[PDB]
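The data below hold one chain only, encoded as structure tokens and taken in the form deposited without this ligand.
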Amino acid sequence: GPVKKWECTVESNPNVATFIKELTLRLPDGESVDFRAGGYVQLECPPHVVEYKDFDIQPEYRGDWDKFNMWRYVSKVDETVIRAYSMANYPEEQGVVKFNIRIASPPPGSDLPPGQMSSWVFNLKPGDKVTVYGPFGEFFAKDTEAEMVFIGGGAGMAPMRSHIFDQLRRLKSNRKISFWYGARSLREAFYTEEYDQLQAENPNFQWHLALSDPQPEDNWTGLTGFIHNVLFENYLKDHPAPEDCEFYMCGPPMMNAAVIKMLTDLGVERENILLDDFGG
């Protein structure tokens, strides 16, 4: 049916990684968005000016905001903008829409304008008003009993969380499900306690974190490198029938491309790979 519209209030907007915030919007009037896991809404901003030095960035992330010279950026937006963001909540988490949003700052060294909507999102404080439109979606789980392999990176965590909670807690599914998330270091990993608990509670579910640049403080002895190599070496290379799995992918462009190439090379048919392309 026609697009619905809600004037929401910001409940919380902390960083969950150095360059990713978890934005939670409370819907008005006790309403909920009738969305499906993997779906999205559009957020809108009015004309504005935002200065990055005004952002609230939690303490452990600030050193890299200094290193990346982020505090000098200013974004001037002369007209209303709309952008899609994927729900990180699943449908049984009512009354809110929750997001994982990467700050799309200018490439280091360039003179390009900062990202219009994400810069505005990073200055949202509890109590601010945000207009939301939707729901929309196409990145939906197939209705089968096949093994599921979820692959995520960056703010692609949002539909990954939605999908995984939907399978395990709403559908109470017993399908074989794994989740593979690539990040730079432990400070860039989030929802780790949630996934560890879901693995403890659901013997059909397993997750894996691979770090590309583990930091000394991480004392990391787990998987390292790029997620497409990790998933191949530690699981798919020896899998009896990878072509029988359903793959659900959402990451930054380079990750999407590398994972899809790895899978197609293994003989997985493109029909068995569902991609949520954020268009980065």
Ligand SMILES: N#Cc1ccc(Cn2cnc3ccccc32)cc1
Contents of the next structure:
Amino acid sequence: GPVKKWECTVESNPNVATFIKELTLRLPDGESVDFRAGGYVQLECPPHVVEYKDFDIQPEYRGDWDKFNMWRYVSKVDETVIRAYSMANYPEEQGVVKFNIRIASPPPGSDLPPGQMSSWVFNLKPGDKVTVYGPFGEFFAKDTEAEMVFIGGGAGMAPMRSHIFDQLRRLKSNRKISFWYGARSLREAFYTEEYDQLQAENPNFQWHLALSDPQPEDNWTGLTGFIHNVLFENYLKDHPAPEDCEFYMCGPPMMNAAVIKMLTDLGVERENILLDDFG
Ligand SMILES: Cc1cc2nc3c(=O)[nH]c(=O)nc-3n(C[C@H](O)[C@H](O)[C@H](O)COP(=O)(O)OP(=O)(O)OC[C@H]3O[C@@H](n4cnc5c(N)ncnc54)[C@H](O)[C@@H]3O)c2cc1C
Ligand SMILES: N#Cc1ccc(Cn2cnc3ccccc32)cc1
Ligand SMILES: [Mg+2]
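The form deposited with this ligand bound is what I need now, so please give it after the form deposited without this ligand.
So here's everything in the complex, that chain up top.
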């Protein structure tokens, strides 16, 4: 049916990585969003001014905000803006919509305006009101028996979480499913307890965190490098039939491109690769 509108309330908005927040919105009582995993809603902001020094950023992430001179940015938005954000919750988690949102600050050293909506999102405090429209979606799972390979980075975590819980918790799928998540260092990884629990509950599920720049404090001995190299060397190189898998990708643009080239070089058909392009 037609687009629905909900006036929601912010429940929480912590950082989950240096430049990503988990925004949770409480729908007005007695309402829920009838969405499909991989789908999204539109958030709206009114005209405003936000100053980055007003943000609540958890302590461990502040040093990089200082390093990147983030606190001096100011965003002036003179008209209502609408932007799409993917649901991080899966359809059964009701009463809320949860998001993973990256702050799109100006290219460093440029004089460009800060990202309009994401700068506003980063100043949202518990109790603030946010208008939401939807549901929408097209990044949906195929209904087959094929092995699934989920590949995420950055705020592309959100549809990955929605997809993976939807398969394992609602569809109770016995399909072979793996999730490969690329991040710079341990500080940028999140939902690790959730995926570890899903792996311990479902023998058909396996997840892999790969760090491209592990920090000294990480003492990292896990998978290391960029996710396309890691996924190839640790799983797809020896796979008997990678072209029989369904690949679901959502990351930053450079990651999307590198993973796609890797896959097609392997002989995977672009029709077996589904990309959520945040744009
Ligand atoms: C279906 C869909 C789902 C999405 N899901 C998510 C999600 O789950 N999480 C998420 O974080 N994002 C998601 N996105 C992206 C999101 O909708 C926004 O595009 C993103 O948040 C940036 O919007 P913004 O208004 O903050 O920045 P914008 O105002 O659109 O600015 C974007 C960037 O451009 C820079 N810029 C400004 N002016 C210029 C200029 N003249 N030249 C060059 N650069 C300039 C800004 O400083 C900023 O870095 C999704 C998008 C789609 C379409
Ligand atoms: N948002 C975000 C985000 C940005 C970079 C990385 C590091 N990373 C890992 N694999 C990569 C492939 C190509 C390019 C970068 C890559 C991870 C997440
Ligand atoms: Mg306020």
